[PDB]
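Chains B, C and D with the ligands: place on chain A using the hints.
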Amino acid sequence: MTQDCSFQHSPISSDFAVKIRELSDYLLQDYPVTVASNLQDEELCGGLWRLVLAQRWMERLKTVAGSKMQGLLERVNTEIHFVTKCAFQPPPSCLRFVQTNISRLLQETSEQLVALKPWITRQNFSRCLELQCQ
Amino acid sequence: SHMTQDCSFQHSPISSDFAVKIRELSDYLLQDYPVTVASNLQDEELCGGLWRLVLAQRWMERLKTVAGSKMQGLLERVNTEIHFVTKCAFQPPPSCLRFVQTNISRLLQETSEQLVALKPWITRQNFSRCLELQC
Amino acid sequence: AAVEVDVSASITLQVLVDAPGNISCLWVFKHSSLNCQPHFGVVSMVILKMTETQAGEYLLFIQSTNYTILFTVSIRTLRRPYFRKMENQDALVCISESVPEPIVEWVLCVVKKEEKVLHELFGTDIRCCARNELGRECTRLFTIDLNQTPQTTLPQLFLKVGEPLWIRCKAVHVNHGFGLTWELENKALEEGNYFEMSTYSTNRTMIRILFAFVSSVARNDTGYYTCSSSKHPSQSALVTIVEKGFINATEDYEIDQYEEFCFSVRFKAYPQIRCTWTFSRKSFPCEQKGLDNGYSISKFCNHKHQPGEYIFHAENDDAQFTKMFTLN
Amino acid sequence: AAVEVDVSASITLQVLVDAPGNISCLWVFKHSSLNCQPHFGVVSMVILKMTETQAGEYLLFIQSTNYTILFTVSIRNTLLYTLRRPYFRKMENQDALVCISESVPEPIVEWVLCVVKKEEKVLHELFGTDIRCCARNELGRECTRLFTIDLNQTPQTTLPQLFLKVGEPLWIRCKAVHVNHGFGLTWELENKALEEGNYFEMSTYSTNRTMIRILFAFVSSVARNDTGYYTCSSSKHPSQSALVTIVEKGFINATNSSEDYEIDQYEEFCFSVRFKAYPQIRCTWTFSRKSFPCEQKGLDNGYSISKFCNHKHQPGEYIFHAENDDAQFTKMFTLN
Ligand SMILES: *[C@@H]1O[C@H](CO)[C@@H](O)[C@H](O)[C@H]1NC(C)=O
Ligand SMILES: *[C@@H]1O[C@H](CO)[C@@H](O)[C@H](O)[C@H]1NC(C)=O
Ligand SMILES: *[C@@H]1O[C@H](CO)[C@@H](O)[C@H](O)[C@H]1NC(C)=O
Ligand SMILES: *[C@@H]1O[C@H](CO)[C@@H](O)[C@H](O)[C@H]1NC(C)=O
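Residue numbers (our numbering), protein chains in the order written: chain A, 1 to 134; chain B, 1 to 135; chain C, 1 to 328; chain D, 1 to 336.
For reference, chain A alone in the conformation it holds in the complex:
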């Protein structure tokens, strides 16, 4: 089916932490972004759900970014764009968002990529397509 989600080859690069440190070097750290506040605890889909959300933020940010900031955003966007290879359903009504610093979002994104790196190609992420609230 087209209701599946899995990756044969690693879509997570080794030098992704570099592209995030480079973006952060030109960022105003307390720029307001959001993070889901009540994402169900699911050690399989968890980081993936937040990466999808973080990914949605990289796109929004590119539209209000300067010519050169657009490149740094896009370059971080590429590191996590693979999440769109999967038909993730729109956030549920139960999902609450909370305002946080872009530095917080970037740091978490890095962490999620690290935790996801050893499992991205071994798991079937078909059940992650529906974001859940705890």
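It is worth saying that the hints were derived from the structure and are not from the lab.
Errors might be hidden in some of the hints.
Said to hold, decoys possible - With a cut-off of at most 25 Å between alpha-carbon atoms, the simulated SDA-like pairs for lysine to any residue come out as follows:
1. A:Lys68 with B:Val20
2. C:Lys113 with D:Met91
3. A:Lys62 with B:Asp32
4. B:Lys64 with B:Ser16
5. B:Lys70 with A:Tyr31
6. C:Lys304 with D:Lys312
7. D:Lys165 with D:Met91
Frame of chain A, contents of chains B, C and D with the ligands only:
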């Protein structure tokens, strides 16, 4: 790091390539970052741009403190282009002065404009009466 | 787009577009049609011995899109760069003439920026270079660095009457509080012969450029020019202006094949001369090096203990010269 | 038999004889006796921080046969000058390589990715281009280029041959560039599988969402076992290969014949010498005692071609002497 009171410049403190340092800062900026601008500055074709540059200058300092290692350099480099305003003992803003939230892109654009208009007069005028900001 | 064909040459002419797919071409030769079958996309027209007949307007129309290409097939000078300040803003432009048309690259020492229009005129060693089929002729922008240590022999600047004079005066100071001024024959220079630029450096440092220029020089403009700063020492340079291109230079010899010797020729000449050391038809070029005193001294050492007439022929665009050196 | 001890060093001294059986030893130190209990046969005397006291005449008598061994333990009062070419080691901490170049005096270790130079001794940005480490001291500059196999690039119609002395570390980086991240890389030897502690994979992104993959293979210390045809294949690219030749001693293969030439001071000419030699040779062009070094450039065909042009129309014998750590060479070029 210098002095203050009475305000005039013998040699042009406005560089020719200041528009470059602002385009370079803007290239790494999130354009709608919230800054402020005075909303009710008295119309004074002599002190006007100078008052806003002083205020814009105060913003470059605040921004440097929350800027990343590399953004600090871009801010500081734009800060240098307009730091001359501190050579003068500008009095603190009056109680009547209202500030309004605007995009940092707006502040940067206006700063460029103020430098352009101020460039031909910065060394010909006595700016001693600009030290008190008016509403 | 411009093709240079050397004699009855055998070469291929191919062009590729980043989109390989089911696309068709059609060659449009010199007032005649031609069929094509290319590769996936890259199209080509190859020629073995290009005759004066097989040269000219050659077009290539494509369809996926509906594109068209055109090539000018031709068959087989280099005047040094000149300068003109852009009337629009505070930036310089390089006017170098040549046949074929050359690569005009600004080089600030080293960093190369091929633009023909330079806006970042601040400091270092700025020199424009023209590069064509003939070679590479360069014109360096004359600079006077008051910030830098002083040089000797009252910088002598030579140029032909009608040429544009360019002298950039650069001074670096801690605070912005300092000015710059130009003076010729202890006088306040023409209003349309001066321009001031300024920028910031490192720890809130200021760099000032107060360049002086002449559109077309004359005997009137020749003289001792000096640049003084309101926080720096007044450094100067003298300008020597001649009606037309010139060569000025100030013999018989004999030695035994045991002595180490080199022929010499001291000369003050403008523009830089093309020199040649010829002997018994065999001609070798020269290391036309500068003596920095106020002339350039050319040398020749490969005498090969061979006796006879060693003739030195040197010439520029508007002047010629020859000196006969006997040997025994 | 001669031992060179550098400072208060901690090393072991063992000797083995091809006959393991019920045989007994007895250590005879500097004018003093010592007891032993060895392995089956190999005997040993290990030392931690060898003091100027713990040095000299050390004998070891054995009985099945009735044998006797003797060793002369000296100290590093002498520190001879050298320039041993760079070696490589993957930092155990992360996904990055480290340049181990030895020399007396200690040299400048600079990584060059072609060109861009980055003097760091530790390289982390290992992606593509022409990566080569260079050591530079008083003696000069010896470089070790990282062997690369670009599956993304055009094939070298020569089937590359890689030579190295038994014990040296083998390093082969396989780089492949693909549009999407969907592709893998794999290493193989002719009828032999690649060891788990002989492979490492790195990956990053390029231009418009492109993916570059580095699957390098390495051998800690090579042997006859590790010599063979290695191949890299990608799950979106063609399998390109290179054969690994193990060597006992250094060599120089050049068509030495001592060639004669003649030209008139009007002709533009350069003397040439094509050679396939390992390790990189130190070359010298000498004539009438006046010696000039050479641009020992590579022809990439399967040999390096050294050139000399400053003939100065001067006639006579132009001799080219080239030599590496375990080999020498000389070619005589007559001129008229
Ligand atoms: C030479 O030209 C300059 C232009 O500034 C002018 O001031 C000067 O009078 C001229 N000299 C003569 C002798 O005409
Ligand atoms: C080949 O490698 C294996 C594993 O390290 C080792 O056991 C074996 O001795 C090697 N072969 C030779 C001939 O050294
Ligand atoms: C060099 O040539 C000799 C010719 O006898 C040959 O024995 C040797 O194998 C060659 N060396 C290499 C590395 O091919
Ligand atoms: C090369 O050949 C020449 C001519 O036989 C000989 O003189 C020379 O010693 C040879 N050199 C080597 C390194 O074999």
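Verification of the hints:
1. A:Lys68 with B:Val20: Within the cut-off at roughly 14 Å; holds.
2. C:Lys113 with D:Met91: 39 Å, violated
3. A:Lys62 with B:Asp32: Given pair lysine 62 (chain A), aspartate 32 (chain B) holds - Cα atoms ~12 Å apart, limit 25 Å.
4. B:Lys64 with B:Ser16: 23 Å, holds
5. B:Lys70 with A:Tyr31: Roughly 16 Å between the alpha carbons, so the hint for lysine 70 (chain B) and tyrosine 31 (chain A) holds.
6. C:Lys304 with D:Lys312: This hinted pair holds, its Cα atoms lying about 12 Å apart.
7. D:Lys165 with D:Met91: 23 Å, holds
The structure fails hint 2 only (numbered hints given earlier).
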